[PDB]
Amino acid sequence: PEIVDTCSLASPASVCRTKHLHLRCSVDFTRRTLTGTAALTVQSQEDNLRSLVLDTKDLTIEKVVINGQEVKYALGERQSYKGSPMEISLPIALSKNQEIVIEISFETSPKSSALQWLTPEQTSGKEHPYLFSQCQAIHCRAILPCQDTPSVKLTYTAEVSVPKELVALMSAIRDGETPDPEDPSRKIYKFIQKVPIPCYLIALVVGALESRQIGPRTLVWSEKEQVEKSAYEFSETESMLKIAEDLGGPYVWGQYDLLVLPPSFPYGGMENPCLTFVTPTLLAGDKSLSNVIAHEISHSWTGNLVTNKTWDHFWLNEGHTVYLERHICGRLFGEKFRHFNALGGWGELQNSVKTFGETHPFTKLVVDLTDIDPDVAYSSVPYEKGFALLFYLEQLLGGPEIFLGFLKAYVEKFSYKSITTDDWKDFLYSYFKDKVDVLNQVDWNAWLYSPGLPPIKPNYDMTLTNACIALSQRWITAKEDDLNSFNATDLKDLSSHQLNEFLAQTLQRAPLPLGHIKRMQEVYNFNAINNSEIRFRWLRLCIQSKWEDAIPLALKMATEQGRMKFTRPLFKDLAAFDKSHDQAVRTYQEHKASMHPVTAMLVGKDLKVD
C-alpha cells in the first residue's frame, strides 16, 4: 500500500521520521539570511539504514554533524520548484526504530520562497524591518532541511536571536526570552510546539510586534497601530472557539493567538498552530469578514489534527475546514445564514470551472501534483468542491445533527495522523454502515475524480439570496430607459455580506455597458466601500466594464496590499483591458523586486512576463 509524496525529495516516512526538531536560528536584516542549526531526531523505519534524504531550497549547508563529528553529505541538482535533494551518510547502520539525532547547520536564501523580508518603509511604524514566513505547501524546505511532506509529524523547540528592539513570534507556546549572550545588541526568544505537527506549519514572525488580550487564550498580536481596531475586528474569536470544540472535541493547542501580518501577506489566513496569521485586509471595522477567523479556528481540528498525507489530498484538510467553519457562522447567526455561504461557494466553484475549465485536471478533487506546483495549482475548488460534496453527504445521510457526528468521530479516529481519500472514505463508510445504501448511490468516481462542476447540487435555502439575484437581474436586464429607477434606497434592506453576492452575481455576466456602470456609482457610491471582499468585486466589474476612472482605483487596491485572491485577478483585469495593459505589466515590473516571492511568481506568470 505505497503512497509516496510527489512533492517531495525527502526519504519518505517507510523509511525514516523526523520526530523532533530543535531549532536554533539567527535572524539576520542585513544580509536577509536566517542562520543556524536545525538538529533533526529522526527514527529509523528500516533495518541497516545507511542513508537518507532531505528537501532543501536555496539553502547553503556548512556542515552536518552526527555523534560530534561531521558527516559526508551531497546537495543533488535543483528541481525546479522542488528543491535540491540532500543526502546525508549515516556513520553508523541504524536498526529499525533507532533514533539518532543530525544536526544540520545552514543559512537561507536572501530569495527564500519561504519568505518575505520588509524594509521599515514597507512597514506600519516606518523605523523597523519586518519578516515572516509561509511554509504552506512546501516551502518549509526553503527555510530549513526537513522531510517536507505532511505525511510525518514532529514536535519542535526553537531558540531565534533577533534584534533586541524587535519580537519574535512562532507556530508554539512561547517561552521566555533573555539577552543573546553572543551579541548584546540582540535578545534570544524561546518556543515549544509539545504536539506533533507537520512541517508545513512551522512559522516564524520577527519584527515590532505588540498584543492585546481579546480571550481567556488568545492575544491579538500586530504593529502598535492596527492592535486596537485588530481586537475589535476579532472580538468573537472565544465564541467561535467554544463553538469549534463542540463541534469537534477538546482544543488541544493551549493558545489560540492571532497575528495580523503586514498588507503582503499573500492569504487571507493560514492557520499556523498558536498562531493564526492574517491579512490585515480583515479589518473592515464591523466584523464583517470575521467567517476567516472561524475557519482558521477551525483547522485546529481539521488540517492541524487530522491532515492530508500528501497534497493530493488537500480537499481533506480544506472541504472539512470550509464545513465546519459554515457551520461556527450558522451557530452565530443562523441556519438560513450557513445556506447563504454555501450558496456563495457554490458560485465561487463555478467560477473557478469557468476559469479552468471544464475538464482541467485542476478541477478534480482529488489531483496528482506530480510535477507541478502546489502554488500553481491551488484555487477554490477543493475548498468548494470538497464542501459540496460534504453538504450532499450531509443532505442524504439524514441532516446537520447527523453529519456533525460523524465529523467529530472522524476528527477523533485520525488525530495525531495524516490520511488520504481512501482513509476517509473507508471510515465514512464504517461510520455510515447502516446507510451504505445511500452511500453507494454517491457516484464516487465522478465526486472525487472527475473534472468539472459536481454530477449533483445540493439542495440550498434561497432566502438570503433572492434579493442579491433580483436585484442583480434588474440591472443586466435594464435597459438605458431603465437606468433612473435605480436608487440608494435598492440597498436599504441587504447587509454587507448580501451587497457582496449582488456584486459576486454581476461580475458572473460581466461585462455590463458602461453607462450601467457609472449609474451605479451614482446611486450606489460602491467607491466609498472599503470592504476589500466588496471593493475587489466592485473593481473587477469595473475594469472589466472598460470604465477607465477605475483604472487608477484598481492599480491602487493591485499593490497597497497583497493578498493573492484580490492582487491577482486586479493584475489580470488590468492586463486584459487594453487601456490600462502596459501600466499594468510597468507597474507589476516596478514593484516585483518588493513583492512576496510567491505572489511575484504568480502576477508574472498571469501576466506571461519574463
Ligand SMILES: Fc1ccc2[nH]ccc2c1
Contents of the next structure:
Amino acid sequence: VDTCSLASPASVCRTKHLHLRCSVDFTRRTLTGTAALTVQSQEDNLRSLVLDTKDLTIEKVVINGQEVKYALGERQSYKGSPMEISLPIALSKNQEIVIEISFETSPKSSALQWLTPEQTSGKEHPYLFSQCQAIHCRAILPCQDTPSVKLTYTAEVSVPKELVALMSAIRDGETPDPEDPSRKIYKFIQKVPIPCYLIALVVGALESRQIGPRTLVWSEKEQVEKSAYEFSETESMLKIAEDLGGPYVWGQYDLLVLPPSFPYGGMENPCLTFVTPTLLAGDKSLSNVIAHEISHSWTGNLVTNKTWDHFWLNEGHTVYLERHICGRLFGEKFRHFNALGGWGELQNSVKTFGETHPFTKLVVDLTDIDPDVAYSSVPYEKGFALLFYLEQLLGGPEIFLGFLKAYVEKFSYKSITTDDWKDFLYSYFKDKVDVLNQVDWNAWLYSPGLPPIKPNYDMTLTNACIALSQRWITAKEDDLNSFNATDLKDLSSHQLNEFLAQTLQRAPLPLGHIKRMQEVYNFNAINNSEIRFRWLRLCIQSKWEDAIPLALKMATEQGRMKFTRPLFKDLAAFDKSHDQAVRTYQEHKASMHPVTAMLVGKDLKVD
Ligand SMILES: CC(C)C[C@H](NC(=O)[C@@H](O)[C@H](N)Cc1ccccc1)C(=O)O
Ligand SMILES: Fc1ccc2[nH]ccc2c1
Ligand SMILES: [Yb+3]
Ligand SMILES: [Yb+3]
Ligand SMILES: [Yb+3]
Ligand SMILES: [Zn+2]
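One more: the block was the form deposited without the named molecule; return the form solved in complex with the named molecule.
Starting with the chain above, the whole complex follows.
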C-alpha cells in the first residue's frame, strides 16, 4: 500500500502503457495534450478507477470514443488531487481498456521548470526540463503515481521547430508538425516497462556529440565540448556495470547536461541520464555521479522499490555498485576511501536530524510526509553501510557481488519491499544463516541513529586528510606560520575535498585560522564545486565576512540542492549575512526550480 499515492493501487488495476501526445507552449508555460492509458483491471466487476493529478486542468476523458463522467476530489496538499473516473462498462479480471485523457498543466507544475532565454547559455531560446522523482509525475499527466506499477510508453511531442525534444526513451525520428509548420514533432519509444517516476522530458536548443558506442552527450552548444571530455569514462563504466549487474537492457545510454538550476547531481532517467553542469570540473574528478546513475540501470530501474518507504533498496544498492565501478577503475583502496567518506556524510545527516529522528531510520514510514521534505543521505549511506557490513560478514566483495548479480536477475522488472530483499538474502546465503542471525535486523532496518556496527575501512588514502585536518584544528596562533602551499603537494582533488569535510565537521575554527588557510592554500581560486562548496561553508560558519558575496554567488548561479540549501541556511545563521540571504532568496524565488524554491523557503523560515 503506497501512502504517497491517491490512485487505485496495483491490486485493483495496473497501467501497462502510456501513449502521450502533447504540445509545449513557451508563451503560456503549459503542456497541453492527451495521455492514453492502457489499463488492465485486477478485479471482478470493476466500475471506476482513481488516478493521481496535481494542478492539472482536465478537459475531458474518452473511452470507446465517448466523453465519460469523472471528478476531482479535494486537494490533499503535496499529494495533489485524486481523479475518479467512471467506467462506461464494468470490466472483468484481466480485461484491458484504453482511457484517453485531455489535459493541460499549470505553469506552477512542481515537475517542471520553464526557463527564460536569459536563464540559458545561448540567450536566444527558452528551455524546459522535468523532474518526476519522487511523486511529481502527477504534476505532468494523470497517472497511477506509484512505483508499484510499471508501464511502457511512446510519445509524440510538438515543439517550436528551432528547438529539440528528448525523453527517457529511444528517440524514434522527427518531422514537421502537419498541424503547424512553425513546429516539429519528435517521437519516442520506451519498450521496457518502467515506474512512472522515470518519465522525463527536456525541450531546448540542444546539440549532441558522440562519446562512445552507445552514448551521445547533449547540452547547449556552449557546454558540449567540455562535457564530452568530462564524461569520457562513461563507456568504460558501462562495461564494468554490465559485468556486475548483467546485460544492459535499455539500448542507448546518453547524457544530458542541464542548465545550472537542475536540482540534483544526477537523475537516472532511462536512456538519458540527467546531470548538473556543476559536474564539469575540468578533470573528470566528479565522475562517480555518472557511475552512480549508470548503476540505476540495474538497481532502481530494473529492480524497483515498491513504495518510497523502501527507497533505500534503490539508493543503497546503487551506491554499492557505484563504489565497485570506482574501485575497479581506480583500485580497491579508492573504493575504501569513498566508502569511509560516505560514513562521514552519514554522521553529518544524523547529527543534523538528531539521533532519534524518524527520518534517520533506514526504512521510513512516509504517511503524511512529503518525500521532498524527508530526503537526505540517510537511505544512501546507511543503506550502503548495511551492504558493506554484510559484505565483510559473508566473505568479501566477490562473494557479495554474486548475490548482487543474482538479486537483479531475480527481481528484474518487478517492484519489491525490504522484506522481499531480506528473504532472498536468506535464501541465497542458506549456508550462512547462522551468521545472518547475528545481524541486529531490527536496529539496522527500523531504529533511528547511526548503525549499530561500523564496518572495516582501509585508511591508506584517508590518513593524510585526517592528519592535515588535525594539524589545523589543534594549531594555535603561533602554529599558523608553519602551514605552506606544499602541504597540499601530494593530495588528489578527492583528498583535498576530504580534508575540508573533516575540517568542516569541527566548524567553527578561529577566523585567524581560516584567513591563513586562504593565504597559503588559495582555496578561493579552486573551481571544483565539491571543494568550493565545503570551503565556502567552513568560511561562513567561521564567520568570515569576505566569504559572504562568494557564498551568495554560488548559491544562486547554480541550484543543485546539495549546495544551494546549506549555503542559504549557513548564510542565514551568520548574523552579518542573515538579511542578505533572506533578501536574495526573495529576489530569486520566482525564477527558481519550484521544489528548490519551496525547500529553501522552509529552511529560511520564509513566507
Ligand atoms: C552519486 C549520487 C549520490 C548522486 C545523487 N543522485 C542520485 O542520488 C540520483 O540517482 C537520485 N535518483 C536523485 C533523486 C532522488 C530522489 C528524488 C529526486 C531525485 C545526487 O547528488 O543528485
Ligand atoms: F523520498 C524519500 C524516499 C525514501 C526515503 N527514505 C528515507 C527518506 C526518504 C525520502
Ligand atoms: Yb522507427
Ligand atoms: Yb525466508
Ligand atoms: Yb605554541
Ligand atoms: Zn541514486
